[PDB]
Amino acid sequence: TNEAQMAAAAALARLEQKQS
Amino acid sequence: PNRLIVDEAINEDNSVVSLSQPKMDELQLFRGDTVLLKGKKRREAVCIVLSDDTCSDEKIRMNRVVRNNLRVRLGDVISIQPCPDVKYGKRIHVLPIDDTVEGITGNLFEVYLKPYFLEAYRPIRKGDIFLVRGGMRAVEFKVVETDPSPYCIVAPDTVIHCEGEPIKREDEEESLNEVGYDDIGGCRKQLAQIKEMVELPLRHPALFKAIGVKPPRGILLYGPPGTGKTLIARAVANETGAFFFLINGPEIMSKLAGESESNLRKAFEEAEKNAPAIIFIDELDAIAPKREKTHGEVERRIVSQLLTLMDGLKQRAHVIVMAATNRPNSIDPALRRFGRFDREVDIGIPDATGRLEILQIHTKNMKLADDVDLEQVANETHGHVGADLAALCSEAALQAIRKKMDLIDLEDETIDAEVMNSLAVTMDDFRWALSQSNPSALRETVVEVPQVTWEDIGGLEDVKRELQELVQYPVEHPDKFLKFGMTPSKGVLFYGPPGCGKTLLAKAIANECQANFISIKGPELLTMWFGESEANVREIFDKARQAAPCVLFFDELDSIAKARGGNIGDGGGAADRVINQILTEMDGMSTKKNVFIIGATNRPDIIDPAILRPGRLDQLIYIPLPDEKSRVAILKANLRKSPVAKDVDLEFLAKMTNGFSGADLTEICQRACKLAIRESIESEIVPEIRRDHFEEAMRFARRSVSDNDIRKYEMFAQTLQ
Ligand SMILES: Nc1ncnc2c1ncn2[C@@H]1O[C@H](COP(=O)(O)OP(=O)(O)O)[C@@H](O)[C@H]1O
Ligand SMILES: Nc1ncnc2c1ncn2[C@@H]1O[C@H](COP(=O)(O)OP(=O)(O)O)[C@@H](O)[C@H]1O
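Chains A and B are the protein sequences, given in the same order.
Number 126 marks the last residue of the first sequence (our numbering); no jumps.
Number 710 marks the last residue of the second sequence (our numbering); no jumps.
No wet-lab data here; the hints were simulated from the structure.
For each residue, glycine too, the CB sits at the ideal point set by N, CA and C.
Do not take every clue at face value.
[As the list claims (entries may be wrong)] No farther apart than 16 angstroms at their CA atoms in a straight line, the calculated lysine to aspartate or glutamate pairs in the EDC-like style are these:
id, chain 1, residue 1, chain 2, residue 2
1, B, 79, B, 146
2, A, 124, B, 359
3, B, 393, B, 405
4, B, 532, B, 513
5, A, 124, B, 523
6, B, 76, A, 122
7, B, 582, B, 465
8, B, 625, B, 364
9, B, 618, B, 640
10, B, 29, B, 41
11, B, 131, B, 163
12, B, 630, B, 445
13, A, 124, B, 41
14, A, 124, B, 685
15, B, 79, A, 109
16, B, 663, B, 685
17, B, 244, B, 286
18, B, 479, B, 458
19, A, 124, B, 362
20, B, 115, B, 88
21, B, 644, B, 616
[As the list claims (entries may be wrong)] Pulled a few chain B residues facing chain A out of the computed Cβ check, cut under 10 angstroms:
id, residue
22, 38
23, 69
24, 70
25, 74
Start from the sequences, fold in the hints, and give me the full structure.
Printed below as a string of structure tokens:
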């Protein structure tokens, strides 16, 4: 649901930054 | 349902677990859904499901922090359930663990906890231990109070409290800074092979009693010092939970006759009492050298004692003995007999990627400046092993502490947490450490997947495809080779003028195939010939068998013939000790090991013709001097490293350099570069290489292959049809 999708957005950002 | 096998994770994040899509569909969850993980001893954790293309369908990938809180280990099985009911918390109380708050004081919330939660929306659970890295220290914290229970998401609008003395670690949890699998950099394949051998016998001992299969009881690791042999043995015991007992040659040998044997026996007795257990015997060649090489009664007796204890492992249930040696041929051959130490893994020397991984691992807690480039360091640290790269990182950190923090430090036992957290290590400090470090394994052959690709080689487009048909097709299309009764070739020889790219071709095919490349250069073949040590050829081929899939490249196969006088020399034939051992090993090598052997020579008229017979390098490829369109491609590739002005007519240069090899086009590129650099320096006593620099370079550059040699090369290739 859309509230935990904020934790998803943070997790996906953390991951795709660490691909650098 | 909903039971998954615990495996390793790539993302080190304390809240992400990865599932393969088929399990995400069965659990009716999507990417980002909050799930709960149920482990052992009434413990659970809350995490966010992501997805990837590497997790097995039946496995769940999680980091060490999650496994520790669940009190589970790799190879166990946990229960997973969705919990889409979760909403953001209100107040949490987090305190550090005393084990990590040492040599430090200050506002740990502002230094560690606040970054760790700030716009991060992390799930937490009461009692969870999570790790925050920074300030050259890995500090773990426990959640002791939450308004909602038992779990919640920590949102930017929540209150984070932290007051009280550090918490003492509980006996039911292990320190997150203890050596584990995530501390090992290169040699990932070797670690995977070991895990297959040890994880199941130790984690599920009931399985090997119930099923008629025998476990491995002895694993021999070998390679240069400082590569991680001991690190693996310790990491395995800590990950599986087996009792770890350390043995080392020098200590056992320091004991008097009768004491060394008794102490060695006790070590095995302790492993049984604490089974499951792992025994690590370091310097195996020191505790049990070849009996036929030692005159001492004690050194010969201790070999018999170790062999007896190893055989006794059929009665000592769940005990695995791992041993480390510098050379697999420096130990008594009895140890390598079936049973005992029947399985072996070659650790070797970390490759260019592994060296970067090692630098990344030993910098986990270090704050790096924007100018730090660890990949550049990994490429420069040739001949370095993990022990050397670990020292390099420590020296880089120490110099940063001297430059900055030493001005700020107290006459006291503890630093301010804010000072360490703001301490960044710059490229100059890593460069200084690099100049101080000295490689401990520079002479040993390094085997790795090459970084050369097809785009790095000018011209020869058809030869590139030929290598794919020789190396890829036999395994990409095996049903066509079987259907038509085709026997795959075991290798190819490249012949023709020098400087045409023969070396790059062999590397490029190894790279695309993701296969290890073994580079045996002329000087290595000459070293064996000159010293009459051709026995070392067997070790080279053994690397190819163990490194498979791999490409084994023997460069300058004619180096010995030239070292014998080449054009004249003595009255003997082309055969010699080194090539004869190579031919013998080739005949004993099967194509089923996925090993492809490539040779190169620039003087095929003096190569031992036996190498071209069926079963050896039966395929022949002629590599001529590049043509006009290829020479332009070579010039363009070689100039990718420097600024070049648009006025440079590379096609005109290629038209003039009709008889030049690719190596000669490189000299032109470098010579023009040298001129541009000299002029730039002189202008201060320019921004790019100008046409005048290439035209001036053409006045000194010469072809290395004369017209007489070009005709000889073409006539030879014509004779072979
Ligand atoms: N492959 C590797 N990956 C990461 N670190 C390594 C590796 N090999 C060695 N090291 C590091 O170098 C050191 C090795 O010392 P030690 O464990 O005593 O092993 P040994 O003395 O047998 O070489 C440790 O600090 C370890 O972290
Ligand atoms: N076709 C080519 N494309 C790009 N570079 C080349 C090519 N041929 C030769 N070179 C350059 O010349 C150098 C020597 O090549 P190499 O294959 O080692 O020649 P040899 O084996 O005869 O000594 C290489 O480092 C490479 O950079």
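Here is what the structure says about each hint:
{"no.": "1", "hint": "B:79 - B:146", "verdict": "8 angstroms, holds"}
{"no.": "2", "hint": "A:124 - B:359", "verdict": "14 angstroms, holds"}
{"no.": "3", "hint": "B:393 - B:405", "verdict": "13 angstroms, holds"}
{"no.": "4", "hint": "B:532 - B:513", "verdict": "15 angstroms, holds"}
{"no.": "5", "hint": "A:124 - B:523", "verdict": "48 angstroms, violated"}
{"no.": "6", "hint": "B:76 - A:122", "verdict": "25 angstroms, violated"}
{"no.": "7", "hint": "B:582 - B:465", "verdict": "15 angstroms, holds"}
{"no.": "8", "hint": "B:625 - B:364", "verdict": "25 angstroms, violated"}
{"no.": "9", "hint": "B:618 - B:640", "verdict": "8 angstroms, holds"}
{"no.": "10", "hint": "B:29 - B:41", "verdict": "27 angstroms, violated"}
{"no.": "11", "hint": "B:131 - B:163", "verdict": "13 angstroms, holds"}
{"no.": "12", "hint": "B:630 - B:445", "verdict": "12 angstroms, holds"}
{"no.": "13", "hint": "A:124 - B:41", "verdict": "15 angstroms, holds"}
{"no.": "14", "hint": "A:124 - B:685", "verdict": "47 angstroms, violated"}
{"no.": "15", "hint": "B:79 - A:109", "verdict": "15 angstroms, holds"}
{"no.": "16", "hint": "B:663 - B:685", "verdict": "11 angstroms, holds"}
{"no.": "17", "hint": "B:244 - B:286", "verdict": "14 angstroms, holds"}
{"no.": "18", "hint": "B:479 - B:458", "verdict": "12 angstroms, holds"}
{"no.": "19", "hint": "A:124 - B:362", "verdict": "15 angstroms, holds"}
{"no.": "20", "hint": "B:115 - B:88", "verdict": "20 angstroms, violated"}
{"no.": "21", "hint": "B:644 - B:616", "verdict": "9 angstroms, holds"}
{"no.": "22", "hint": "38", "verdict": "9 angstroms, holds"}
{"no.": "23", "hint": "69", "verdict": "16 angstroms, violated"}
{"no.": "24", "hint": "70", "verdict": "15 angstroms, violated"}
{"no.": "25", "hint": "74", "verdict": "9 angstroms, holds"}
The structure fails hints 5, 6, 8, 10, 14, 20, 23 and 24 (numbered hints given earlier, in ascending order).
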